[PDB]
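Only one chain is given next, in structure tokens, and it is the form deposited in one PDB entry.
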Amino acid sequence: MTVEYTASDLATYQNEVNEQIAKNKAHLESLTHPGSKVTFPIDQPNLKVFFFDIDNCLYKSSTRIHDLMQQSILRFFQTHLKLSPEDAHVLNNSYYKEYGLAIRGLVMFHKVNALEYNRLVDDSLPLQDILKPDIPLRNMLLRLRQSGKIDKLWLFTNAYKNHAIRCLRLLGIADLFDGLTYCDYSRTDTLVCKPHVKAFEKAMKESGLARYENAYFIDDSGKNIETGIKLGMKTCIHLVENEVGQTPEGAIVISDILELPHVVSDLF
């Protein structure tokens, strides 16, 4: 939109975002529950690694998050003339599912500054209004961790690291993983993200996995699962919460991450 008070408006939007981010951080600082702090470093034999997508996987897809994200994108759209209405419409449908992949084209063609977008749209979101400590989840992941069958639980996400970290802390599962592979929005206009092969190569390198046959993978994106299968991962699990992209042949199909011990019980 072309407005009367452009400068005062953008400052106001940025100032509101500043205040909300400060509140978001203060909230995290207040947490004292198990799993409320990251216990692994960032950007660091027959090793077995289980890779986990985060969004819509470690928590159930939320229309509240979709709606909050849409409102956020709407405010961004109104203030950034480089985005078309179709760009914004597609983001409304896709960003809260695909994260970095959803902005990859926009970033490559310089219609969106990734860090600016992440701050105003993503880091601004009061995720604590939706994501709460999940004890059954914690207990399931701990069960996997302690079973003696898997060496590392590794996060593998298209979100930027702070979004990913917030999710782990809010859900009370931040001490259950050994590391995090995220989509780096910071200093390239060519984002590396799933389902692209280079994202998998990054996850392999960072986790220290040597052989795809020693990898396990759970994700809600059929196409991501497909890359995993074709790379030769041992078992890929396609999470489809609502059976309303297809499931690639060879994937196990589940509707809730708590189904995991009942579909790959050998690992538990």
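The term rigid core refers to the most C-alpha atoms you can superpose between the two forms while keeping them within 1.5 Å. Numbering follows the first chain given and starts at 1. What changes on going to the form deposited in another entry:
Superposing the two forms on their core leaves just one of 99, 154, 117, 182 with a Cα displacement of at least 2 Å between the two forms, namely 99. With the core superposed, residue 204 shows a C-alpha displacement below 2 Å between the two forms. Core-superposed comparison between the two forms: the CA of residue 67 exceeds or equals a 2 Å shift. Once the cores line up, the CA of residue 139 ends up less than 2 angstroms apart between the two forms.
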The other form holds:
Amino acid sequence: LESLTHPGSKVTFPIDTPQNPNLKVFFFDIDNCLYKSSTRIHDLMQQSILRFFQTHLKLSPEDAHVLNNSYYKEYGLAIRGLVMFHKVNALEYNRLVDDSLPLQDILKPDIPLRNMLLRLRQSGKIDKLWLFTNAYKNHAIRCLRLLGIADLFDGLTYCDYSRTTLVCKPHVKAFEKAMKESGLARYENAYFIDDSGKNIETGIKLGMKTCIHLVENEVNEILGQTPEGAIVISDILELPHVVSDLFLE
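Alright, leaving the form deposited in one PDB entry aside, put up the form deposited in another entry.
Lone chain follows.
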């Protein structure tokens, strides 16, 4: 990644103190949000995860599918279950999974996306664009850099796989962490986009101003139906359509 030279190829916000309490923050999911689910990256991840269940838990493929979906469904991350019940080391799992995707051959600079996010930053209606992902920081950063958007965000809340289980979406504590890290004072000053219906559900219940459910094709049942109060779009470039006012001075 260090040989990338395109705009947005370098992270410009710190990773890892009172603030203006009127801060407005737009939280961005990453996987299947900042890139399309139709990249099939999610399918690549799942293949790798299923391989891990087989090689490390010694499960047949069908038992692997079932347990993976069960953990994913209850926790928002299979790895949460693997840590708690199977005493798996999440960083080693992560090394084999997310961190071994052929992303460099899949993700390329998304110029329309870059330009859309720039307009959102430049309206003055939103104070911070804050990343909020269940991925570990390695993968999250890699996605931003390849997509050419690593300079367009003010911070990153990611799931800390160092824990031995993980605080993650859709659990409330993950949202409380994003609020604290981003400097957000009230959920009312927050907006949120994510492809997972369950994640959006939590954002809505907590009192976030506007939550957008991003469903490129059909809903993944495991991730949840579109919840009540949510706005649905099929591509992140449709944000200008549904929260137009945030793009206007």
